[PDB]
Amino acid sequence: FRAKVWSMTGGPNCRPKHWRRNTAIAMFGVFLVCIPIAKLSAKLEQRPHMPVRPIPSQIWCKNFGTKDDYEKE
Amino acid sequence: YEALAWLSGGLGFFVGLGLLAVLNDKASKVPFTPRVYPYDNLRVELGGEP
Amino acid sequence: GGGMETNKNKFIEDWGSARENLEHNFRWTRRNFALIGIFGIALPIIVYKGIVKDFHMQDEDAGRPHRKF
Amino acid sequence: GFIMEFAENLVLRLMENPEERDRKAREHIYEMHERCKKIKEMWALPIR
Amino acid sequence: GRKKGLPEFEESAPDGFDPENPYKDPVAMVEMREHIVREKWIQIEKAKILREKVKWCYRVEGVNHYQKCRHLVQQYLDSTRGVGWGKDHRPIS
Amino acid sequence: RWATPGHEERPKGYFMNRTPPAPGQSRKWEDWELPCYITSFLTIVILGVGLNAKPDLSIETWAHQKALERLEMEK
Amino acid sequence: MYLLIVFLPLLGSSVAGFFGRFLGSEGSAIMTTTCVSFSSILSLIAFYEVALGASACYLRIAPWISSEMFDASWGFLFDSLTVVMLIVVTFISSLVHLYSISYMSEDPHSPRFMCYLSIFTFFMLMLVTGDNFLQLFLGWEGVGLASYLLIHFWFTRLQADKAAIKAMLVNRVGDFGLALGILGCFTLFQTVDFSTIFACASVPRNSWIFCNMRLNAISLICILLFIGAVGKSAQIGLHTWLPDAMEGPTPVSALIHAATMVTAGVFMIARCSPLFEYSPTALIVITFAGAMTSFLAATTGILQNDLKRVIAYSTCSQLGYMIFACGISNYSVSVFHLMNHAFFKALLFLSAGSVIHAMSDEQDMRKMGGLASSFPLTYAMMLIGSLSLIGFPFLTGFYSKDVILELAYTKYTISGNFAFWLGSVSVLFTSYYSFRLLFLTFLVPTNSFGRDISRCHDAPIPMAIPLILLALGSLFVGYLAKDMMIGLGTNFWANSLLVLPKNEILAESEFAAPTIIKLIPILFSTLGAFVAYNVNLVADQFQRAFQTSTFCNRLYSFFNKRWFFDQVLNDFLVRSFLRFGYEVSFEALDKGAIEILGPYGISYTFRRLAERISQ
Amino acid sequence: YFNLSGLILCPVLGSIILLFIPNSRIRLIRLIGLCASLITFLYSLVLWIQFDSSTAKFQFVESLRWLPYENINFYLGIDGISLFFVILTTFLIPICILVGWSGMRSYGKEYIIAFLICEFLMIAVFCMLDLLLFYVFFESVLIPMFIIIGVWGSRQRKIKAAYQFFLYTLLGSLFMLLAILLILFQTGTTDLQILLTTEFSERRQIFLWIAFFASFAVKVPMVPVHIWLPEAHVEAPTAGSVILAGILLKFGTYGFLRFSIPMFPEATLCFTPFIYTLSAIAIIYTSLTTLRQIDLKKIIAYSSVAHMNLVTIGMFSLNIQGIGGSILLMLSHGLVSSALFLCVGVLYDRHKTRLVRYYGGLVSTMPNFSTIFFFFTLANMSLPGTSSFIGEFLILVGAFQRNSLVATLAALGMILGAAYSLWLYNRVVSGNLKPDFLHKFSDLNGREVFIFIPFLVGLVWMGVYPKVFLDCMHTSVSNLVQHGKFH
Ligand SMILES: CCCCCCCCCCCCCCCCCC(=O)O[C@@H](COC(=O)CCCCCCCCCCCCCCC)COP(=O)(O)OCC[N+](C)(C)C
Ligand SMILES: CCCCCCCCCCCCCCCCCCCC(=O)O[C@H](COC(=O)CCCCCCCCCCCCCC)COP(=O)(O)OCCN
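Residue numbers (the authors' numbering), protein chains in the order written: chain c, 15 to 87; chain l, 76 to 125; chain m, 2 to 70; chain i, 2 to 49; chain p, 2 to 94; chain g, 31 to 105; chain L, 1 to 615; chain M, 9 to 495.
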């Protein structure tokens with residue numbers, strides 16, 4: 015009787031024929047919506063400290079070494 | 076109801092052994108002296124007044 | 002086997018619509034008096050006294066005299 | 002156009018004058034409180 | 002029907018309210034009541050801004066925050082004595 | 031078993047238990063659906079471009095600007 | 001980039017759960033695990049750019065509760081302390097995800113499992129990265145919710161349902177203290193954030209007005225926070241849940257029972273370091289409770305004859321050890337033992353699951369005998385894990401247990417000596433039942449059945465790579481991390497962990513060692529090895545079965561039933577509550593007593609008064 | 009110029025049109041009723057756009073004379089508090105129409121008449137500044153609820169259920185009416201703006217506060233008087249029973265905010281421990297009573313009783329955050345309890361058992377209903393991330409800041425909330441499946457699936473970002489807390 019119930023999260027052994035095709039779309043779907051999360055975060059991540067060594071996050075970020083004083087917040 | 080009788084003994088060993096650590100007084104058995112810092116035990120860097 | 006409703010077992014119907022009406026049982030008995038006098042007049046009074054005592058102790062720490070309430 | 006031009010203007014014309022609202026409330030309070038004493042004196046009249 | 006800017010109601014004081022007889026001018030008592038909250042929110046907000054001052058101070062100085070923020074810690078602790086309606090020590094406004 | 035095709039022609043179960051009709055025709059929307067759907071869309075648009083159009087006037091931003099220009103007067 | 005560390009597991013879980021019919025039982029398995037591995041790589045990058053490139057990262061998304069001077073925000077605290085636990089949670093979560101795909105290939109409801117696992121990963125990432133008490137509280141409650149969901153993975157299983165319900169109630173009663181703690185610390189500081197209270201957390205010195213009598217303020221807050229951590233660390237107060245928690249699937253248990261939710265209660269203390277050090281009273285009771293729980297679990301695990309049950313008590317013993325480490329202001333060994341534990345007990349959990357599901361799903365000591373030569377891989381793995389567990393000299397576990405016991409000995413406080421004694425006597429118990437596990441299985445004549453041995457299948461390759469990675473870790477990580485983070489004033493923690501000048505005993509924990517106490521737990525370990533080998537391999541004719549008259553069967557029952565806690569607590573608290581919720585509140589308060597004003601109370605009153613008025 | 013008059017007129021027009029529609033035209037009756045309800049909902053939403061959350065005084069007011077000397081008159085208006093209640097009242101009713109949509113043929117047009125009548129009736133309650141007419145519309149809701157409970161009750165025992173719900177309300181109503189008469193005879197008018205600015209006598213303050221508490225302690229279920237809600241609430245139709253806990257339960261609790269706290273500043277302070285000692289023991293006693301229950305409807309009603317007793321603590325704890333948290337908790341409860349009664353009523357409309365013994369293993373089937381039920385149970389389970397937790401955290405904060413003892417007892421409520429709701433969830437939709445009783449059963453179709461969508465979106469929206477709700481009413485709460493005193 016398992017075929018009658020929808021089981022929105024997938025049936026017990028739900029094995030679609032083109033599951034690879036859907037997985038490719040799903041993985042592509044995550045990546046395309048992950049960019050706005052990364053892009054919107056670039057205006058964030060305030061770290062006033064300057065690391066002793068250069069990190070690889072200087073290209074997309076500028077909120078480091080600028081918020082030095084705390085008298086004009 | 077017999078379990079509560081064993082319950083009292085089980086926790087009694089813990090507190091009983093806890094009291095035994097008071098009967099030896101290891102606080103006075105330190106082989107060294109209390110730690111001391113410069114500048115009034117680092118008064119400026121721990122609060123107080125500059 | 003075409004009835005969507007439950008079978009409504011006889012032994013369950015009484016269990017269901019018996020606890021719904023307990024006024025007949027809980028009218029006058031010895032244990033009821035003790036239970037009511039220990040959990041409807043006793044506990045509310047104790048917690049009310051605790052609350053007013055807490056308010057009084059809060060007032061004393063600030064120094065202001067306690068209100069009569 | 003764009004949604005700001007079509008929304009900000011409508012909202013700010015729908016707000017309807019906050020200061021005049023407070024003024025109207027003030028004179029309403031004063032006027033009805035004055036009428037209250039008149040009503041009390043109306044009730045103070047004896048039957049005879 | 003408003004200007005696009007932030008509103009400004011009144012700042013100086015309500016003249017009608019007299020403390021000796023609080024219920025003497027009902028028209029002006031509500032003005033005093035709203036002025037009290039509109040002036041207490043200023044203190045609440047400046048407490049918030051000094052809180053962010055302290056928070057960024059602790060977030061910048063490092064391990065030496067027990068000797069380079071005491072001038073702001075004392076400006077926070079005394080600002081919580083009479084801020085808002087939060088503790089039974091109501092401010093004497 | 032990572033290369034074999036799945037043994038399922040269609041995901042099991044019916045969405046909202048509504049049996050799809052014969053191919054070619056639409057779903058035959060029900061009487062309540064259209065007004066409820068258009069009202070949902072109107073609610074979404076009003077709460078979207080109305081809430082993010084109301085000027086931020088409150089007791090928080092006014093107090094913020096006032097205390098920003100009043101804490102600076104320490105002298 | 002830093003948002004991708006947290007939101008990607010949530011996104012993967014949401015898309016897998018919503019579209020678990022679009023993706024097969026393997027599509028979600030290869031998708032959610034890939035997303036979690038990407039998050040793990042991001043966490044490793046953050047560790048490289050923060051732990052070594054010492055510059056903590058701070059952010060704020062949006063105001064959550066923007067009430068008056070109660071600023072709640074969605075910001076995170078990517079601090080040096082936090083990123084170590086980012087590594088710990090992400091690496092183990094990805095390895096568990098790889099572990100489960102082999103195990104769950106037979107279990108039907110596969111995609112829901114990785115959905116739940118990714119929900120847990122997102123919740124605990126939110127917890128550890130959090131910087132506000134209330135915003136940490138959502139992670140605190142979400143960890144419990146995911147624990148309930150995962151133990152309730154088997155809705156048909158009746159035992160799992162009761163275990164999940166009882167776990168939820170006991171965890172709620174536990175974090176009751178922490179929940180009170182958020183607003184306890186708020187009434188003194190008028191704020192909830194971390195950076196604004198760790199700046200000035202020592203200034204308040206007043207008292208309060210509690211329910212009964214006036215007590216201290218900071219000490220009460222720390223006591224409440226510790227009581228909250230009790231629920232999520234199976235301390236002496238409420239540890240009824242963890243021993244009965246292994247009623248669900250195995251791969252989750254390697255992540256919820258011995259790896260990460262273990263770290264919640266200890267990380268409560270670790271995060272709020274400059275709050276407990278200013279409450280010396282709370283530290284002492286914390287030490288008492290930690291030592292008591294550690295000893296209780298260590299002596300609990302020895303009698304039980306199940307794979308998962310005994311190792312849960314080992315986990316609770318490590319919980320007690322870590323709670324004591326956090327109780328003596330020596331939080332360094334606490335986090336070091338946390339990092340070690342997340343390796344050498346997760347590894348053992350994977351090994352136990354591998355030997356359980358490959359042997360017709362049997363987890364027993366009395367019935368299953370020896371099959372070590374049948375498969376050497378996962379036994380070598382579990383042997384390495386056990387050697388770490390006992391802390392054999394110059395291994396990963398030694399560098400934590402040795403230093404924590406030495407720190408216990410050094411502090412001369414009334415709690416330091418007592419708890420050091422308890423830890424020293426618990427080392428014997430732990431080295432006893434660990435080798436009991438090593439001996440009753442794989443080193444005895446096979447006592448199993450003749451059908452299961454024929455149906456033998458070793459650990460599949462995809463589930464063996466996580467074991468390989470964990471074995472590679474918990475053999476070099478101890479040596480690599482001994483110097484860099486417990487090295488007498490290492491400059492990478494910065495403000496993450498603060499230790500007061502007064503209670504700083506580290507240098508004299510190494511340069512004042514008598515050398516007759518530092519190397520003694522190895523002596524208890526070898527004595528436990530000797531006695532376990534003698535009892536369980538050769539001298540078992542009388543040392544095993546004791547058919548005496550009295551006081552010996554009851555000794556067996558006392559430790560098998562774990563001090564009758566499940567009996568006395570149940571009957572005297574929850575049975576009484578359920579009895580008096582029907583025979584008190586529903587009898588003499590509302591239904592029956594004051595119901596003399598509703599039906600049959602006044603209705604019949606007016607059937608006499610109104611009747612005798614027409615005549 | 010979307011004023012308050014149209015918001016009340018529109019349901020009246022909807023009811024009037026429905027009166028003269030033949031019973032045969034069942035197609036038109038439901039359509040026009042739903043359209044009227046949705047137009048009312050949109051007209052309420054547009055008010056939030058033009059709310060102007062800046063002024064301490066009242067928003068759009070409509071004055072209509074009621075006595076020859078304009079002594080007392082219909083004086084409309086919202087300030088910062090009744091706005092959200094008006095919005096939620098206008099939002100719940102279309103859900104009531106939608107849930108009772110399939111079986112409208114038996115119900116007839118009289119089903120929508122009562123619902124729309126009560127609709128504009130509760131609309132006229134929240135935005136009613138005049139004190140006496142607030143009582144006229146406060147007890148006007150007796151007739152629609154009486155009719156809904158009686159005519160379309162589920163079982164035959166509905167006769168006794170309605171009598172309690174009626175008479176318990178009338179007793180307190182007339183006790184309040186006496187206080188209203190005393191106030192009017194003393195002051196002279198009943199307009200709210202003036203009556204808040206009158207110096208009262210301390211001896212008179214206590215008596216009038218008690219007189220108001222006579223009824224306001226019945227609307228919110230208190231320890232002495234809470235029997236009516238379960239008996240008269242399990243025995244009501246799902247579309248009708250969903251507003252007894254939806255809007256009919258928020259009158260007295262909200263009535264405290266508008267007509268008790270700023271009205272009697274010196275009496276609430278003197279009676280604060282009494283409310284604490286009532287509500288703190290209520291949250292314990294009712295919660296314990298909830299555990300030993302078998303009916304599916306009664307457990308949700310008891311949880312609602314506990315939630316109201318919790319919000320009462322945070323309301324009388326005068327704090328700028330306590331009252332705001334009280335309003336947030338009341339809105340969140342109005343959402344979650346409504347959702348829970350729809351969730352437990354959709355089961356009844358298919359099987360008609362209302363017993364947890366029969367229900368079991370409903371995850372192996374109808375999984376969508378199981379997911380929705382789990383989400384709403386978590387919302388009732390008081391988890392952070394949902395709108396409730398924002399609701400009671402502020403209550404606890406406000407209570408602890410004033411009294412330490414009351415906060416612990418209140419938080420015992422959210423500790424004990426995990427004992428009955430989770431047990432119900434695991435005992436109804438996660439047990440062992442039994443084919444002996446539930447022989448066959450379907451899942452949620454497109455109607456009840458769309459019914460929960462606004463509930464879910466509002467729940468998440470007010471749980472993760474409650475800023476707008478708090479933003480819109482910080483001025484009004486500040487004005488309410490600071491009253492009578494000047495320090
Ligand atoms: C603290 C609250 C946070 C917000 C709450 C959401 C958090 C997740 C809560 C839901 C988790 C899943 C629990 C669903 C019910 C579990 C039992 C059940 O009914 O299972 C259903 C439902 O299955 C699911 O688990 C669906 C999960 C959907 C939830 C995905 C969303 C979770 C992430 C959202 C969190 C909010 C993100 C932040 C938003 C700003 C079907 O499962 P099957 O595998 O098909 O087995 C049924 C047997 N038979 C096939 C025969 C019918
Ligand atoms: C299954 C399909 C369901 C479709 C629903 C959408 C699909 C996604 C569902 C996921 C849940 C999303 C829920 C919305 C979360 C929004 C969280 C942030 C909202 C917020 O606080 O910002 C506000 C945005 O306004 C806005 O525009 C908010 C619009 C939200 C519309 C939601 C309509 C729900 C109506 C329910 C009514 C219930 C009434 C109960 C009382 C304004 O914030 P601001 O003031 O800072 O402005 C800024 C000026 N600088």
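A couple of the hints might just be wrong.
As the list claims (entries may be wrong) - Dumping the calculated DSS-like pairs for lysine-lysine here, alpha-carbon to alpha-carbon at most 30 Å:
no. : chain 1 : residue 1 : chain 2 : residue 2
1   : c       : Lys57     : c       : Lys76
2   : M       : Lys475    : M       : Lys306
3   : M       : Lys475    : p       : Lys4
4   : p       : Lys5      : c       : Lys86
5   : M       : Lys442    : p       : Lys47
6   : g       : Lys96     : p       : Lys54
7   : c       : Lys31     : c       : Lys53
Stated by the list, open to error - Computed list of chain m residues with no C-beta within reach of chain L, every gap over 10 Å:
no. : residue
8   : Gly4
9   : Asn10
10  : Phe12
11  : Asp15
12  : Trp16
13  : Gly17
14  : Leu23
15  : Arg28
16  : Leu36
17  : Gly41
18  : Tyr49
19  : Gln59
20  : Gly64
21  : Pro66
22  : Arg68
To be verified - If we take Cβ atoms under 8 Å as the criterion, some of the chain M residues that face chain p in the derived model are:
no. : residue
23  : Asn31
24  : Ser32
25  : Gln58
26  : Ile202
27  : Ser209
28  : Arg212
29  : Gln213
30  : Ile214
31  : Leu326
32  : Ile328
33  : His491
No wet-lab data here; the hints were simulated from the structure. For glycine and all other residues, C-beta sits at the position ideal for the given N, C-alpha and C.
Hints, one by one, checked against the model:
Among the hinted pairs, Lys57/c with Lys76/c is consistent with the structure: their alpha-carbon atoms are about 8 Å apart, no more than 30 Å. At most 30 Å may separate the alpha-carbon atoms for a hinted pair to count; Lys475/M and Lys306/M exceed this at roughly 34 Å. As the CA atoms of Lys475/M and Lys4/p are separated by approximately 24 Å, the hinted pair is consistent with the 30 Å bound. Of the pairs offered as hints, the one joining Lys5/p and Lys86/c holds, with about 27 Å between alpha carbons and a cut-off of 30 Å not exceeded.
With a CA separation close to 63 Å, the supplied pair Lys442/M and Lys47/p exceeds the 30 Å bound. At roughly 17 Å between alpha-carbon atoms, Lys96/g and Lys54/p fall within 30 Å of each other, so this suggested pair holds. This hinted pair does not check out: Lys31/c and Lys53/c have alpha carbons roughly 36 Å apart, beyond 30 Å. No beta-carbon of chain L is positioned within 10 Å of the beta-carbon of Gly4/m; the least distance is around 25 Å.
Consistency note on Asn10/m: stated as away from chain L, and its beta-carbon is indeed over 10 Å from all of that chain's, at 22 Å minimum. At roughly 20 Å, the least C-beta separation between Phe12/m and chain L is larger than 10 Å, which holds for a residue marked as non-interface. The beta carbon of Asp15/m is kept farther than 10 Å from every beta carbon of chain L, the shortest such distance being approximately 17 Å. Every CB of chain L lies more than 10 Å from the CB of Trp16/m, the least distance being 14 Å, so the non-interface label holds.
No Cβ of chain L approaches the Cβ of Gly17/m within 10 Å, the least distance being about 15 Å, so the stated non-interface status holds. A Cβ of chain L approaches the Cβ of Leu23/m within 10 Å, the least distance being about 5 Å, so the stated non-interface status is violated. A beta-carbon of chain L comes within 10 Å of the beta-carbon of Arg28/m; the shortest separation is about 7 Å. Its beta-carbon lying about 4 Å from the closest one in chain L, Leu36/m breaks the requirement of being farther than 10 Å from that chain.
Against the 10 Å criterion, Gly41/m falls within the reach of chain L, whose nearest CB is about 5 Å from its own CB. The beta carbon of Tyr49/m sits about 13 Å from the closest Cβ of chain L, which is more than 10 Å, so the claim that it is off the interface holds. With a closest Cβ-Cβ approach of about 5 Å to chain L, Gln59/m is found to fall inside the 10 Å limit, against its non-interface label. With a least CB separation of 13 Å from chain L, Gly64/m remains clear of the 10 Å interface cut-off, as annotated.
At roughly 16 Å, the least C-beta separation between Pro66/m and chain L is larger than 10 Å, which holds for a residue marked as non-interface. Listed as outside the interface, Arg68/m is consistent with that label: its C-beta sits roughly 15 Å from the nearest C-beta of chain L, beyond the 10 Å cut-off. The restraint placing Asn31/M at the interface with chain p is violated, with a minimum CB-CB distance near 48 Å, outside the 8 Å limit. For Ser32/M, the suggested interface contact is broken, since its CB lies about 50 Å from the closest CB of chain p, more than 8 Å.
Here the hint on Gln58/M is broken, as its CB sits about 10 Å from the closest CB of chain p, past 8 Å. Evaluation of the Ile202/M hint against chain p yields a held restraint, the C-beta minimum of about 7 Å falling below 8 Å. Given hint, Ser209/M at the interface with chain p, is violated; its Cβ is 12 Å from that chain's nearest Cβ, farther than 8 Å. At a threshold of 8 Å, the smallest CB-CB gap from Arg212/M to chain p is about 14 Å, leaving the interface hint violated.
Interface restraint check: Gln213/M against chain p, minimum CB-CB distance 14 Å, threshold 8 Å, status violated. Checking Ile214/M against chain p by beta carbon gives a least distance of about 19 Å; that is not within 8 Å, so the hint is violated. Interface hint at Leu326/M: satisfied, since its Cβ lies 7 Å from the closest Cβ of chain p, which is below the 8 Å cut-off. At its closest, the beta carbon of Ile328/M sits 5 Å from a beta carbon of chain p; the interface hint therefore holds under the 8 Å criterion.
A least Cβ separation of about 6 Å between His491/M and chain p falls short of the 8 Å threshold, and the interface hint therefore holds.
Checked against the numbered hints given earlier, this structure breaks hints 2, 5, 7, 14, 15, 16, 17, 19, 23, 24, 25, 27, 28, 29, 30; the rest are met.
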